[PDB]
Amino acid sequence: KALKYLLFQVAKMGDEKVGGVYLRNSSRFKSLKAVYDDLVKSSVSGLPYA
Amino acid sequence: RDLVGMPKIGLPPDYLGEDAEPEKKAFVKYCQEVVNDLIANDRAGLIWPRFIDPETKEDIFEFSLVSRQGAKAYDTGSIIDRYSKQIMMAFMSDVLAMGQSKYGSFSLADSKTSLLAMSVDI
Amino acid sequence: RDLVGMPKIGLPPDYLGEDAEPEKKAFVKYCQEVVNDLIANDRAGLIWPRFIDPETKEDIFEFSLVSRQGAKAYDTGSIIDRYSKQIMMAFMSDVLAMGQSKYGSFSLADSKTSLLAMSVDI
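Residue numbers (the entry's author numbering), protein chains in the order written: chain D, 51 to 100; chain B, 245 to 366; chain A, 245 to 366.
Please note that the accuracy of each hint is not assured.
Straight-line C-alpha distance at most 27 Å; calculated DSS-like pairs for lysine-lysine [as the list claims (entries may be wrong)]:
1. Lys54(D) to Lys252(B)
2. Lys268(B) to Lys83(D)
3. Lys269(B) to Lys269(A)
4. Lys301(B) to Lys83(D)
5. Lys356(A) to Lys346(B)
6. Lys51(D) to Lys269(B)
7. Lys91(D) to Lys80(D)
Which chain D residues face chain B? A few, computed with CB under 8 Å, are given here [stated by the list, open to error]:
8. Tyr72
9. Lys91
10. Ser95
Incomplete in silico selection of chain B near chain A, CB under 8 Å [what the hints assert, rightly or not]:
11. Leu247
12. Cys275
13. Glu277
14. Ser308
15. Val310
16. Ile323
17. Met333
18. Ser337
19. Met342
20. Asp354
21. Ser355
If you are wondering where the hints come from, they were derived from the structure by calculation, not from laboratory data.
For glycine and all other residues, C-beta sits at the position ideal for the given N, C-alpha and C.
Generate the whole structure from the sequences, applying the supplied hints.
Structure representation (structure tokens):
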């Protein structure tokens, strides 16, 4: 539940630059999603059925 | 083992499991009955969910019939027929397959004794 | 060795092993049962997990029937039949396959004596 919530928060975040400090948040969801699908979604939790 | 035309259902891994949400587990149960009870009757048909993932540009759920992309090399039908004739040739019992002819006979004293009929004479 | 149409199951490498999670071992075991037991009965079907990986745009779980993309060069049946005909020609025993013809007979004293009968006479 927390991990799904983290994905939502990361997506909404945007690129911010207040004078002196800069923070590119754009290229985080792209990276985060790839791990998420690979290590969480693409992992069966049961048995198939013939 | 000719599984061509067999129904195949592809579900996301999330659906398949024990910790899946009751709604998902109910869906898997219905697919089990669909697999187990689908026939080609009058009311045959399907209402399946369809979602083309924006990523990968491919759908996640599909109901498809498994297909083969080749043909069996050797024609088993003509192969067996050759051996059956060879077996009958060994015992010279071609009358079993060909049948009684109008120029062959089983009579020993006749002038046209069949090959098999003469064998019993020996 | 005509393995066209045999079931082939494509699993990610992490599934195959001993340190693999107990669920993955159960998955592999059920796949083994499917491979060794699946037939083309009336409740034949399949519920396979599937996931098009965002990268490479290809599915990871892959169930399909092995297919050949060619045909045998030589027709063995005709060749074997030709050689059998040659063998019967060598012993001049065509009557074994062709059958008793109306242009021949097994009587030496007859004017229509078959070639094989003449060899027997010799």
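Now the hints, each set against the structure:
Restraint check: the Cα-Cα separation between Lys54(D) and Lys252(B) comes to about 30 Å, which exceeds 27 Å; the hinted pair is violated. Taking the CA atoms of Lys268(B) and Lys83(D), the gap is near 22 Å; set against the 27 Å cutoff, the hint holds. Between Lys269(B) and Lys269(A) the alpha-carbon distance is near 21 Å, which keeps this suggested pair within the 27 Å criterion. For the given pair, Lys301(B) sits about 16 Å from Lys83(D) by alpha-carbon distance, which is consistent with the 27 Å threshold.
Between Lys356(A) and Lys346(B) the CA atoms are separated by roughly 18 Å; this keeps the pair inside 27 Å, and the hint holds. Using a Cα cut-off of 27 Å, the hinted pair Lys51(D) and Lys269(B) holds, with the two alpha carbons roughly 18 Å apart. A distance of roughly 15 Å separates the Cα atoms of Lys91(D) and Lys80(D); the hinted pair therefore holds under the 27 Å criterion. Interface restraint check for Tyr72(D): the shortest CB-CB distance to chain B comes to about 29 Å, outside 8 Å, so the restraint is violated.
The restraint placing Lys91(D) at the interface with chain B holds, with a minimum CB-CB distance near 7 Å, inside the 8 Å limit. Evaluation of the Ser95(D) hint against chain B yields a held restraint, the C-beta minimum of about 3 Å falling below 8 Å. A least Cβ separation of about 6 Å between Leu247(B) and chain A falls short of the 8 Å threshold, and the interface hint therefore holds. At a threshold of 8 Å, the smallest CB-CB gap from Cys275(B) to chain A is about 6 Å, leaving the interface hint in force.
With a least beta-carbon distance of about 10 Å to chain A, the hint placing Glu277(B) at the interface is violated under the 8 Å criterion. The interface hint given for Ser308(B) is violated, since its Cβ lies 10 Å from the closest Cβ of chain A, which is over the 8 Å cut-off. Hint status for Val310(B): holds, given a least beta-carbon distance of 6 Å to chain A, under 8 Å. Below 8 Å, beta-carbon pairs count as interface contacts, and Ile323(B) has one with chain A at about 7 Å; its hint therefore holds.
At about 6 Å, the closest approach between the beta carbon of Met333(B) and any beta carbon in chain A falls short of 8 Å, and the interface hint on this residue holds. With its C-beta approaching chain A no nearer than about 11 Å, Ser337(B) sits outside the 8 Å limit, and its interface hint is violated. Of the supplied interface hints, the one on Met342(B) holds, with its beta-carbon coming within about 7 Å of a beta-carbon of chain A, less than 8 Å. About 12 Å separates the beta-carbon of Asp354(B) from the nearest beta-carbon of chain A, more than 8 Å, and the hint is not met.
A cut of 8 Å between beta carbons decides the hint on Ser355(B): the least distance to chain A is about 7 Å, and the hint holds.
The structure shown violates the earlier hints numbered 1, 8, 13, 14, 18 and 20.
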